[PDB]
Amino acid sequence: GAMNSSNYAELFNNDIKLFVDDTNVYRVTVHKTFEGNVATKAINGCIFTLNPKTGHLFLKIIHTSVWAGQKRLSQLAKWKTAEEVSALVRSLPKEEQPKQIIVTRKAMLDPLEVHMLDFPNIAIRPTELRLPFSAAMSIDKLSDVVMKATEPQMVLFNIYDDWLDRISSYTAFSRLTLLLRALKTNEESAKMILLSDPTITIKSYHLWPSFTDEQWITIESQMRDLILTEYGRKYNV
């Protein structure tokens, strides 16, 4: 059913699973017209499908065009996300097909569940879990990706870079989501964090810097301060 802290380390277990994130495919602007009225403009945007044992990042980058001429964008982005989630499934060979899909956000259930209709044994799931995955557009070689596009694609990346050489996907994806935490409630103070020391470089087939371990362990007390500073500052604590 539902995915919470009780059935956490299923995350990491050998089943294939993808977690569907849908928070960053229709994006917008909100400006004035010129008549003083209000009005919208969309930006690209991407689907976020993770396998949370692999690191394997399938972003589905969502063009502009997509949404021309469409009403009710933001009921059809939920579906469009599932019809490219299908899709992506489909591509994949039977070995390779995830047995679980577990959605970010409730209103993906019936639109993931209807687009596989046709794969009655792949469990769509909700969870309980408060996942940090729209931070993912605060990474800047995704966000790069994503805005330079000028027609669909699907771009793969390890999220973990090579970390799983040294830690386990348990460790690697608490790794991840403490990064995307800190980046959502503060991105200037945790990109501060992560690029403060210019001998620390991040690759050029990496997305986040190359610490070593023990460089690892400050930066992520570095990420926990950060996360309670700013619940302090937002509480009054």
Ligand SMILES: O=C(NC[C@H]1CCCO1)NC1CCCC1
Given for the second form:
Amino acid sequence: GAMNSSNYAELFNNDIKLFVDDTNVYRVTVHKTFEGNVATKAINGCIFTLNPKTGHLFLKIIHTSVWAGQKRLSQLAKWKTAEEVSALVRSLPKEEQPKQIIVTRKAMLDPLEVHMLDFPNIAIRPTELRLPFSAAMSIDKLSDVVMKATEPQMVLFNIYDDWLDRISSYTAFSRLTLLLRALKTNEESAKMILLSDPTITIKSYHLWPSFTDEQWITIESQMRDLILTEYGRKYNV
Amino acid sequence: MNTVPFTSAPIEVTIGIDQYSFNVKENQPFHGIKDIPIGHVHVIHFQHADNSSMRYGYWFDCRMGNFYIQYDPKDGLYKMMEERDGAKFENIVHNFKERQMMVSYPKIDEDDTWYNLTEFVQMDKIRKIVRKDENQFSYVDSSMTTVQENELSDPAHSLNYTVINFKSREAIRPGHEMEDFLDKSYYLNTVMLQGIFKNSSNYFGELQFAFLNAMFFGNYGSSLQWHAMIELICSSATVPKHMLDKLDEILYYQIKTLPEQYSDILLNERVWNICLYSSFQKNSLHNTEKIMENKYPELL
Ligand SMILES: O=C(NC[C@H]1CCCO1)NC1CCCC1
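Moving on from the form solved without this ligand, kindly provide the form deposited with this ligand bound as a structure.
Below: every chain and molecule of the assembly, starting with the one above.
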């Protein structure tokens, strides 16, 4: 059934599974027209498809041309998401195909189920977890490849950089979810914490800075403080 | 003009004949039902006074043979049987009529209710849904499951309704996923109408039979089939005008006849709300919408 706090360790077992987050597929700027009406302008988006055990991120860039001449775009965006996830599964060798796909938003269930009818043994699941994957576009290198795209493109990343050399998938996912929750709550503050000490850089081949184990503990602390600082500023107490 | 005689009535029972019903006492001198209108299928149905779990009956058409009811004290039910000796049967029926030991099918001359509920229902189609080829009549009860229910046990005692599943390869053409899921016209018109049923009359007959099994036996799988066949039409943007107008008439009489007190177990809130207020056909079912809003506004 639903993925929740009670069945959380299942993410890091040896059954291939992917999270699919569709919150950055259809993105718009809202603006006034010359006549004083309101219009939208689409900008490039992305499907965020992540293996939580390996860190492999299948970032399908959604170019604004997809939307041209289409109606009901927020509805179409769920179906386009399901079409592209289905195409990704069919592109993988059988031994790499996921056993389960967990959608971050319940509105993705029917679209994905219908596109995956040919895969009756792949379980399509919701989650009770409130995951911060909307904040993926606060990772500079991911935002840059999305905004520069001139055509539909799939770009592969490991969202954990080399962390799995030193830590378990459980701890790597916890670190990622804390970083993305901080970036989601106060982007400027989170980026300042990550990028303040200029001596710690991001490797060309990485998304996050090259923190030693001790530095990660300090960073993790500063992120938890930010989430509680911001939760204080929000609710006043 | 047709008659279904009873050998006897050894156990107290409520007997239904189509939309009518009457109580028979244990060992009451009851010998059956006369003046049954020729031209329609009929259903005779039973609920035992000592055990309301025993809820069962027989679809028949008196044009297809001479049928009678006889209680079986071993299997503990009223069984339909065919009498092959025409002269014996005519002689039995004449005696029971002369002695006035039969109830009269109580049709009001003005009243087209039964025709309106069975317009498209044919015995030959019933006998394909309910498989017992050695009899010309068909047994249904409250507990019989559908082929679709048995997929999600005993196959020979099942209701062979046409399987409708909105999230099935049959319903969804490769490459037309969003189109076919949000607009079921291809599934309705190509797969179901052209492919399986051959015409709208057979589709309506199955829909009508499913509703009647739901209403008369509380058959849960029949109720599912009735609502699936409504939803498949209501969820199609492209439906012939004649089918929409006919469906409005069909549903109007079904809602009119449903006992008020079973509305809560016989009607699916989600399907009716979707069909009347959200679907492609939300504005096509004028008569149905009006009777539902006046009779069952709580559901809506
Ligand atoms: O290209 C790799 N990762 C994604 C890059 C693109 C921009 C930031 O990170 N890794 C390759 C380096 C050696 C083996 C695979």
